[PDB]
Amino acid sequence: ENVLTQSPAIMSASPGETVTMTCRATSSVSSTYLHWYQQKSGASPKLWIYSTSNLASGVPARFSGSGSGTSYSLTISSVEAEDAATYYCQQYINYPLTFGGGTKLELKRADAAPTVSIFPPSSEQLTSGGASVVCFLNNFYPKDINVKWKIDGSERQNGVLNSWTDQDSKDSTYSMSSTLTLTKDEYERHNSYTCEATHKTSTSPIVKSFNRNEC
Amino acid sequence: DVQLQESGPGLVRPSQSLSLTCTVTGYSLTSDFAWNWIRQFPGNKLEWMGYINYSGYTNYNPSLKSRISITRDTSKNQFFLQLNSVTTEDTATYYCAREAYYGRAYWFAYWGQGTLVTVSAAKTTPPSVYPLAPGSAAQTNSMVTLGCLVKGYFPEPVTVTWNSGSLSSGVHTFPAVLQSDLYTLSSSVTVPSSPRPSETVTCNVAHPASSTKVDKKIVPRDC
Amino acid sequence: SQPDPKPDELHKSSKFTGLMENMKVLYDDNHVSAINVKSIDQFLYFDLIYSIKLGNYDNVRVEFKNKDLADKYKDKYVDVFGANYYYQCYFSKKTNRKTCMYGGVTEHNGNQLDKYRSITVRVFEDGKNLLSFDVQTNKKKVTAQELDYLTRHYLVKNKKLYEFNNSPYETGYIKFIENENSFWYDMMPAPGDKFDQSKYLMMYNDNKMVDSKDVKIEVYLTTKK
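As they're listed, the protein sequences go chains A, B and C. For the first sequence, the working numbering begins at 1 and goes up steadily by one. For the second sequence, the working numbering begins at 1001 and goes up steadily by one. For the third sequence, the working numbering begins at 2001 and goes up steadily by one.
By construction, these hints were calculated from the structure, which means they are not laboratory data. There's no promise every hint is true.
[Said to hold, decoys possible] EDC-like cross-link-like pairs, simulated, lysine to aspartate or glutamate; straight-line CA separation at most 20 angstroms:
1. C:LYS2093 / A:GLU1
2. C:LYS2094 / B:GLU1047
3. B:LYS1213 / A:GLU124
4. B:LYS1065 / C:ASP2008
5. C:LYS2194 / C:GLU2021
6. A:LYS40 / B:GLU1047
Only chain A is shown next, with the shape it has when bound in the complex:
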């Protein structure tokens, strides 16, 4: 009803950097009825600030909250990696009670080129029909990488499924995985297979040969 609006969606930071997210309401709350919750991925939310400025149980005073009327902010002074999360403002009073749509907070790091592999269809799938080739692109800052598929060399491809992991925890890093699915009504009669990625971390695209050389 009284939609709450968060800027920005995502925001990178290097550890030590201090930053600020915003919460623009329509309508307009008093500072009291204006809360923030923190959610680390795979988990329930949790109260962080209530009545705008007020920290909850055991949140480091790096955290603070200013705001009023229809403009509200959430600030973290020196930003540790344990701060990566999504943050939701929330108004009471209005009916219906409202949440804003997250600001995700990710850490900055030093570039890391990937760490790629490529795989065989395994006897099973082979015996059950379909043949699926897998590529793992591990640990690579920043978020962004480009996987391109080659068969007998120069050849596009349909039948591929990517899925990126969220910024990993220690390794302030990322991984993705692309999957080429297909039929034994084929795989058998081609021999050469590669995936190949393209990070800023390199000039030459990264590659991975494979021609019948495993079961």
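The hints should help you fit chains B and C onto chain A, whose structure is shown.
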């Protein structure tokens, strides 16, 4: 202390209802506060459903008043939620939360683990599990990369580990993706060449919907 | 019981340099009277809206001290009876003029009389039994708000209690005594150059109830030296 326990059927068919339970502990449902159902969608947006209050009184998100029921069994001390005529736009994680207040200030103190609900017309399906060794790249560096494919199930969740979850060290689980009504999911682990194929590695997939315990040793391919 | 007002000094109708009509009009003839209705809307969590039908309004917004109350009473056929302002009163409807109030809601069904109790009022100017009279509800548990409005809408209308300029009386309060529990309200304005109707009436917002019979009234006064 005050914990909050969700539960319900992992999957509903379009148009059924969706009864869910919150089981409260550490605190009596009838001494104070509201008790809320909030669900979060894909893309994370959080929508309030409504609360059964401290004295059995309701108030609902008017975006749903009509299809929405929040009731309580004070004698098993838990609350419930009923959802009508579910449509797929109802697939979501459901949290139940109780509040705290200072003055006119009400917020949500405690939350439950959550609880996924797929709203779908799809054949519950047991996953196909595959082992993945490399061609023979035990030649490059100290650690080598091997994985586990889990193609074709439904619905979510499935849960996996390596060596019965005795190694997280260097694992990498990936969101699954949606193959016209079935999910396929990848996972990575990377350990020094030396360990393997000496020290043992074995992936252990689990799809509760199709009651599927399944372990898988990635024995290496000599060709 | 709540302790008397000598450690709780009162307001002084002269140390209010606003105007007194902003008060007499809350306890003048007009008010919000209604029987047996169900809230049709809600704007804020501590609020309910009633569509019901003199001169400037029609939809009433009722405000409570709590997020509850709004619950309880949301969707009950109730009676609504209190003062009400328009000046500082906004609220949106969802039901594709506006007046506001606080508390004043009792349940209609199973609270009626036949038979209509009269509560007596003892007035004490200076400290002397200088007047009395009764007021009359037609219900079992009555809102103190409702009571207080009445006691007032008499005094004003005969002993100039409220004028426009300032007040005849320096201070003044209205005490409510049940058996083992008494409590008072301050009949006097917030000190200063002008006076907030919503602030004032917000005393009721708790929806305090008595009980038609077990209750006497005492209105204490003083004069301006």
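How the hints compare with the structure:
For the given pair, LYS2093 (chain C) sits about 11 angstroms from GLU1 (chain A) by alpha-carbon distance, which is consistent with the 20 angstroms threshold. At roughly 19 angstroms between alpha-carbon atoms, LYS2094 (chain C) and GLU1047 (chain B) fall within 20 angstroms of each other, so this suggested pair holds. Only pairs whose Cα atoms come within 20 angstroms are accepted, and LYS1213 (chain B) paired with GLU124 (chain A) is accepted, the gap being roughly 18 angstroms. With a CA separation close to 46 angstroms, the supplied pair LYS1065 (chain B) and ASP2008 (chain C) exceeds the 20 angstroms bound.
Note on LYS2194 (chain C) and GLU2021 (chain C): the hinted pairing holds, with a Cα-Cα distance of about 11 angstroms set against a maximum of 20 angstroms. Among the hinted pairs, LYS40 (chain A) with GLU1047 (chain B) is consistent with the structure: their alpha-carbon atoms are about 18 angstroms apart, no more than 20 angstroms.
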